[PDB]
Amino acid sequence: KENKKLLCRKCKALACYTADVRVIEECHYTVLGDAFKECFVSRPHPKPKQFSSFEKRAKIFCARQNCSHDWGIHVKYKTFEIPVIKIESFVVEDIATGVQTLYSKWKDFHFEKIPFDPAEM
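Let's have the structure for this sequence by itself, in the form deposited without the RNA.
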């Protein structure tokens, strides 16, 4: 469908657009672009889990002051350090109507799911 906005569930700030999204291994969504790196901060994790396709390194959070809502983890995939976000952490809003949706699982959120390509980086 049309491009869509993802807002910090807790603080509503603008995180990114569906267009910036890319999918790794079919069920891991990351966000291309520098703009997005301006929205979250990484906090190292002392007891990182051990996922299958990537290596966890930290939890990322809304940069916003007095928000710091949990958005997801930051990882090493192949040779890139990239974020991996949780849909539940956001609110999907349609630009032209402001209708906002709360998804709990990407399986249910339906947009153009472009497979992550190292080209774009």
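Rigid core here is just the name for the largest C-alpha set that superposes within 1.5 Å across the two forms. Residue numbers count along the first chain shown, from 1. Shifts are known only where both forms have a C-alpha. Compared with the form deposited with the RNA bound:
- Only one entry in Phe36, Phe51, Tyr29, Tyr77 has its C-alpha moved by 2 angstroms or more between the two forms when the rigid core is superposed, and that entry is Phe51.
- Residues present in both forms were considered; between the two forms, the rigid-core fit shows Cα displacements of 2 Å or more across three or more consecutive positions only at 49-51.
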Contents of the next structure:
2 protein chains.
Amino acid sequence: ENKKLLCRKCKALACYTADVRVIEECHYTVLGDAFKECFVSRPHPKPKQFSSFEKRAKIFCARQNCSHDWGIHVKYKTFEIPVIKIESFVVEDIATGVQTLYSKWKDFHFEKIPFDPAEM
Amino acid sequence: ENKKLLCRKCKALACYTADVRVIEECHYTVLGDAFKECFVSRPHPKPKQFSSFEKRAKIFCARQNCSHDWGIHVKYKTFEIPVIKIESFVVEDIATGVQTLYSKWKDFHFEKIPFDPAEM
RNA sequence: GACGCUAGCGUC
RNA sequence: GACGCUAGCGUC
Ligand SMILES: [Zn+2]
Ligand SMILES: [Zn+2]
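Take the protein just shown as the form deposited without the RNA and give its structure as the form deposited with the RNA bound.
And the full complex, kicking off with our chain again.
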């Protein structure tokens, strides 16, 4: 069932599992312009290249006074997208409100939709 | 089902699960004189007391050119005993030869006989 | 980011 | 030892 991700630090809404996409069964990104508003970016202090994408920026919660580290932003194929680490969020079940703290995506089981270039 | 612990680094036989005893359902020690031949000690650089015992020393694989860290030696009640961390070892099934690498005792499921002072 | 590794610190 | 938290390094 649908879930939302909240910033672990300030509990601000980040996105919904419906917006989440999986790349190479290993990396997690989020679609839509709404999410772009929820984080700010910063040139990565240790940028580098690996696999199918290059690491350009660190990303953080947009909430001033929070600035919680949410992960990175990368160039993947012809796209520049955010890649997030679940450890930076609280997962909340929308129907019940039950909150879950994961450390690894491997432990978080949901409909893991694979990334599709045709979604932009 | 009885199994043997091998030094993770040099693969030397250390003990059997038969010899293992649990203290406070959290800490693991080894009975018998045979095990006493398999490790050497060195005063603990960062001693301290906690729970029911006192940390006196570190213990290492007695094999020279190995000396893999196996855990500690403590005064517990009126006992001087070794306390081992499972991640310093490789578990081997005696019947099949299958080897398992655990990191935490909670993950290792064997007949965990609790410590009995009546056994020295 | 995913994973692996070293060092240090902290609690019982 | 059982947990917990930092920092750095490496790999793709
Ligand atoms: Zn936040
Ligand atoms: Zn050894």
